[PDB]
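> Now for the letters of each chain:
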Amino acid sequence: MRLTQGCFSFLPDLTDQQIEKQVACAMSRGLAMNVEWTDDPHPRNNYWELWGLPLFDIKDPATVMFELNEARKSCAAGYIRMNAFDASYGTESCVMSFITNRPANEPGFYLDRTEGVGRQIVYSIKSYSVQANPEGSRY
Amino acid sequence: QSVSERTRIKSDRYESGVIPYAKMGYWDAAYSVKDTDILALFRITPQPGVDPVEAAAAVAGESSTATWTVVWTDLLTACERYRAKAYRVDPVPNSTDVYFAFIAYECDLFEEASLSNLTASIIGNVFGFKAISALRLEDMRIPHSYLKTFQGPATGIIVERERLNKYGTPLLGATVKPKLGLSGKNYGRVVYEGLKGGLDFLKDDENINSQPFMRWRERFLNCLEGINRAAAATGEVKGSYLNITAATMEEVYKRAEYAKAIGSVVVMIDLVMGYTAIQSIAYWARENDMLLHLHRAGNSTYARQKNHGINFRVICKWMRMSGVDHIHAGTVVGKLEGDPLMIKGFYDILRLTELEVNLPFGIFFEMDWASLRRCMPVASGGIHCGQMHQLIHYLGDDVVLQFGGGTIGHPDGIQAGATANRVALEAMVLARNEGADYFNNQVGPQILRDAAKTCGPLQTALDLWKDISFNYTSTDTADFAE
Amino acid sequence: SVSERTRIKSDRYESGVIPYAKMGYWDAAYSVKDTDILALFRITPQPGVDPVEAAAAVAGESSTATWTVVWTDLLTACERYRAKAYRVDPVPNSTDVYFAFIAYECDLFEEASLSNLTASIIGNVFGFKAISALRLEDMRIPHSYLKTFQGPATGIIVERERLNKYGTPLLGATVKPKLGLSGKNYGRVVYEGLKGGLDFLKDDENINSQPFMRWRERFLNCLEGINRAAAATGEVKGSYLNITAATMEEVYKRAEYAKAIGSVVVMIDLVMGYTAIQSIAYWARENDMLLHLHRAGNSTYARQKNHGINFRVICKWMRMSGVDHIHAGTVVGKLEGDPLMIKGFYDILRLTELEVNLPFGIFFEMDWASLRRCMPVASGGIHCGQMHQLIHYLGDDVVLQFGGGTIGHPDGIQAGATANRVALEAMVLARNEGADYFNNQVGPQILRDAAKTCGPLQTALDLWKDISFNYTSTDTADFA
Amino acid sequence: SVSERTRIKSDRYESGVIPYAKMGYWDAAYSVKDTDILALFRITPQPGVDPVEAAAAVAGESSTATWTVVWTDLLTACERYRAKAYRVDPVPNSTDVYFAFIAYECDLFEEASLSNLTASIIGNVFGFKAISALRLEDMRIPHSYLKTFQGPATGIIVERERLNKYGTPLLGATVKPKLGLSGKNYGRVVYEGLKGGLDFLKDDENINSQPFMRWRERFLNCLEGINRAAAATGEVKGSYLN
Amino acid sequence: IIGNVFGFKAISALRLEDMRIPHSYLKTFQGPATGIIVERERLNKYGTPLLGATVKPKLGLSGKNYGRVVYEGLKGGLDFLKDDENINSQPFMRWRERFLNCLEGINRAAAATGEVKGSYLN
Amino acid sequence: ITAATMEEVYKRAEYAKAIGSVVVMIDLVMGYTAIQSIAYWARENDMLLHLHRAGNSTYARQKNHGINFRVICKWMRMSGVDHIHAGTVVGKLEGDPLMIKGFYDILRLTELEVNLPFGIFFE
Ligand SMILES: O=C(O)[C@@](O)(COP(=O)(O)O)[C@H](O)[C@H](O)COP(=O)(O)O
Ligand SMILES: O=C(O)[C@@](O)(COP(=O)(O)O)[C@H](O)[C@H](O)COP(=O)(O)O
Ligand SMILES: [Mg+2]
Ligand SMILES: [Mg+2]
Ligand SMILES: [Mg+2]
Ligand SMILES: [Mg+2]
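Top line first, the protein sequences correspond to chains M, D, C, A, B and F. Per the authors' numbering, numbering through the first sequence is continuous, rising by one, with the last residue being 139. Per the authors' numbering, numbering through the second sequence is continuous, rising by one, with the last residue being 484. Per the authors' numbering, numbering through the third sequence is continuous, rising by one, with the last residue being 483. Per the authors' numbering, numbering through the fourth sequence is continuous, rising by one, with the last residue being 245. Per the authors' numbering, numbering through the fifth sequence is continuous, rising by one, with the last residue being 245. Per the authors' numbering, numbering through the sixth sequence is continuous, rising by one, with the last residue being 368.
It cannot be assumed that every hint is accurate.
Below are the PhoX-like pairs computed for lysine-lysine, each with C-alpha atoms no more than 20 Å apart in a straight line [stated by the list, open to error]:
| hint | chain 1 | residue 1 | chain 2 | residue 2 |
| --- | --- | --- | --- | --- |
| 1 | B | 150 | B | 168 |
| 2 | A | 12 | A | 25 |
| 3 | D | 198 | D | 187 |
| 4 | A | 198 | M | 59 |
| 5 | A | 132 | A | 168 |
| 6 | C | 308 | D | 132 |
| 7 | A | 12 | A | 36 |
| 8 | D | 198 | M | 126 |
| 9 | D | 308 | C | 468 |
| 10 | D | 198 | D | 168 |
| 11 | D | 36 | A | 36 |
| 12 | C | 36 | C | 150 |
| 13 | B | 179 | A | 25 |
| 14 | C | 168 | C | 150 |
| 15 | B | 168 | B | 132 |
| 16 | F | 319 | F | 337 |
| 17 | M | 126 | M | 73 |
| 18 | B | 179 | B | 150 |
If you're looking for bench data, these hints aren't it; they were derived computationally from the structure.
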């Protein structure tokens, strides 16, 4: 299956040229970019691993693309996402996050069902990749 | 002779009898507005022969401390402090005998954190006064000090996106259709299909509460199965606005607690429930980690016409103060009324940290929002994915675009309808960020056709609804240009 | 593909947009059922919109339709649930405005829920682009739906039995100034007004709890004033303690407090909204409390003939919800009130059944299913020189409220109350003797005669005899 | 390594220690907002400490700063949240003691919470080594923050109305001896004092519930004494029950 | 002991330096809810001081970024992190947002290390 | 969950819900007020409610006197049980087929037409 976290996952995988244009747009708005990696695709896995610090003082989109491609060389198989952070009062939050890399094969998830009170079901979304192997050797 | 006669008040202001409101202290052209005052802007159409200043002073008086005849009990109070003052009356441009009237209210007139008390004064009686043939409340300046007594949005735009892990594009939704008649089992099926096909949310229709064809617990449990199925099928947080609107506060709380107990990310309420239930559930939503979607049912009974009622931009302020997380706020291009200058003004009021005077957009007051959280506007009703370039242009980034008929009416099924809408949205945002002149009719539609070349569901949707438009003359229109 | 092969190809359920009048929402031959909810809308179509299509659009979008065909209709008994516009007539003396009758199946509505009824009937259709103005003018609520509602907690009959007051209108007054008084001074005004003759006083609609007076201070001081006046007169007395508040929890706290200290009555503001109103109407019945409804904000949607909700519909919804009093107009006071419309509202609140009466705005025959009768309240800019008009227009079961007309009396609040009560009793006595009291030759003389032995009334007549509020009405009849 | 490549290299957010007055907590030109919380501190710097640096240290460690630069500032609207020392004057007739005015953004503080206000304003700065003595002298609590608080439950005006006493100071007395009296004798003292003319008596601050007198005994006996004195005088009477 | 005597005119300065609380009075008090010994048993940590850190900046962070700092610090080796003393519930971060995000960060760091982890929720 | 008192009935119902039962059953001898109470509870607690008609034949058996079971069917469908025992025709308990078919129609149909051989006297 295709993990459709991120804001462009219903489009084809973005080329580096497409990614650089999104980075340029964000940086022209004064946003701070960072790159993060995970091999736990669970929808509640809030904290993907940081690739260094956010690039607060960087002005050149080429420097962001450089770090993205260093992350791609170094990280294990899994997911990489690119984020843009707005520290402005009233936001102080991420304003764009999209997938830059995904595994060739993502088995996805199943729905675990526990019998609750009455007719209620207690649900757990379980990742096939995570239950099978530890971090760093899931894909 | 008698003590009552000897002690009768004899002054000009407090001897018994009737005098004009503008001579009772409710008109003051020299009034210096305080930063703690509540300010109101009314569009006043006096009856023929009623002086425009006297009409404004009558509104100020009968919405603060006055009645129709002088009362000595005023003298038992600090009466000058509590009188509201009409302080400015301007003719409305391009109009005959209609005026904009600015009125200032002392901070202490109002119960802290109470929309019911604020509205009891501001709209309570003055709209029925014989001497004014039409009255519309157009804008209000709620001061920072009063705003701090209110919660503001339970969640707010920022925390909402963090709970959903969704940043970069508008959010996507759809009302289940037909409006009425479906079973709880079939409701869950539609929710499952729409979410699995790409939507972030579906929602109960505003009139779906609990009925012979479907009692509410059947809907809630089946929707949670559909929601969790779609989440496991996609790896995304999913939800559906479970409608907890009910006859009594006890029943509303029952439905809200049930939604929490089964793990729903969101519930919805209808505006017809009224301000006191809305504030109660807004506090509840914060305390119970629940997103709170407000459907504005009934709003257009008073917000539609330019001459009389309450402009919706004021409802926006009151509902952001009360603390709903979403509110429906218009589409411009869909089936419901929406002049784009008015709509853009509504969206600014819901989303910005502060407001600057912007008369073409109906923003008559500068206003700080006192760090109350931002309220998410919802664009819904008769829109389709062929309009995506218009939606992005008019409505911006932080909005839920909802496609009910525009999803479920897709010939190849509900999943295909959802996929068409999501592909159109993402392709349009991608092209916007690349610099495209996407609002241009020579550009926006092409962006969509380009994406359709590799998305069959989108091509089919464009073919089906391409020529659908709702181009009608607006009733709620601006008075200033730019 | 299977999606392509299984596309629906019928006229009605192939994908795409078709007119509402072709989707089943227009049937000129429809036979109305005695269980149907009926609505009458005044529809002003946009230029070029067919009047029948506009009425079908209202019926569709207030029942089951949306703007494009959906196959999921076929998972339901879809013909049963569609509302039907079944009659469209031109409005008299108009070329481009229409009266549209629409029937709704009983099963569309949650039992006992005003929120659900209004979610359908007024939810979205008033913002529809294709209609430039829309007004809900009347509704036929069927006997079967009415029985799911409580109706008034107390009702007119039990209210008079609780007060031991029969034979004349009841009397009241709003405390003034609207805002600023302390709790202690509030109780003083209530004491004086009740002692001087009033049955009730009331908090102003915007008196809740504020820096100048917190609500418990008002409630305790008013109960001292009430019990003092009761002991001074030998009558049941009360004052409408306003329990309107920000949250339901706070509303209940104020209601429970008023019960705990023995108040006969509380009041609520319409701005609190339908769900809070229904909750407190059930509470009022369970806690032996009279429930006064002030209609704050009603005129934002009820004032103009072209658009909104006629107040007569609000009357029906609020009698269903179960308030004991509702403000319903004066004709001759400071707030809008055409006499034909007002008499219509009063009939809706008080009668056991309604017959069609087009000059009064009564478009539907309707049985009230033995829901109790709701007491109308006449308030705002009235004075005792108008007593003959008030009795004529408004009848026997009404609360006449004189705020400024009591407290503005030059000889004090007691004198103001006494003037109003003597005027009232003298007028009713003369009516019952057969006087033609509405005649300008008779009514005003009845009052002058009573004033020859009542100094307070003479003074009141001298001060206010010539006060009138004469302006063109906005909410007017369509039939003579 | 990526962490070395992405180290912050600006003057303000490169890692390390810099003076508080260079971190944004000193601004002689700051324009006070009507919504700001203002504090006036009497500051006695340690010998050799710059008085402006001391003021900026108080402002920083009572708002957003710590002792070394942290990059996580950049995840916030950091300039909005920093408190600003904006005026440092010498105390009259003093050597090396200063009055320092500090402005705090309204949004730093939980609504209606004295515990939160004090957690910032007095939390840690009084223990700072670099300051040998520190006194909070005054505060400007803005109108907008005050409206979140209840203020007095009753207040002077309603109190006098509940007691029906206007025109003179009110009168009271603490029961003595401070400790040791029984509940029955406590009620006796209260009865005698109220009957003799006092509006109130009161429990001593250390009279709570103790072996010589448990609190319900005191409360019931005092209510007999209070009501007896009220019936003997025709006045509202009371006693502050601790 | 401290009620009034520190304001006595006749004394220009007064400091309470120490107290002997007798055994009989102490037995009426609970003492520490958990105490050092049971705390270390709950954490399964014995042999070294415990380690902690206050999240910085003191004020301004969102709940989501609060949990990120907590996750990073615990994963890097700290036993605890903590809310700053003035972090309660504020416009920039309401307290439930902080608590839920911190619990995700805590449990993530526990699963990444095999240790009991925590953060002092204020 | 049939028991002596309403408090004990609710205790057994709540226990059944707490452990995840899809269904509970009650006996008609508990009586109309308990039955209506538990019918509301069943809707509010997502529980199927089975009604055993214990004691019914003490008044429903004889043609000359009592209450025909078809009236009990209406009252119990009004009260809100999800199941009710209604006869077999061919089993060990009394059940003329015309009467039984009438009972089943009353329990199951959306409306009734006069059908005198089935004992349906009213539309
Ligand atoms: O019932 C309806 O018509 C909708 O579900 C739209 O359905 P479609 O998506 O099928 O049109 C919404 O409630 C309206 O958009 C509300 O209008 P507004 O947002 O203006 O309050
Ligand atoms: O605030 C007011 O003006 C009143 O207290 C009247 O005061 P007076 O008696 O001094 O005029 C009533 O609330 C209005 O009559 C309400 O109008 P309606 O009954 O039309 O809703
Ligand atoms: Mg809808
Ligand atoms: Mg009033
Ligand atoms: Mg003492
Ligand atoms: Mg700290």
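> Going through the numbered hints above, which ones does this structure break? Give me the numbers in ascending order.
1, 4, 5, 7, 9, 14, 15, 16, 17 and 18
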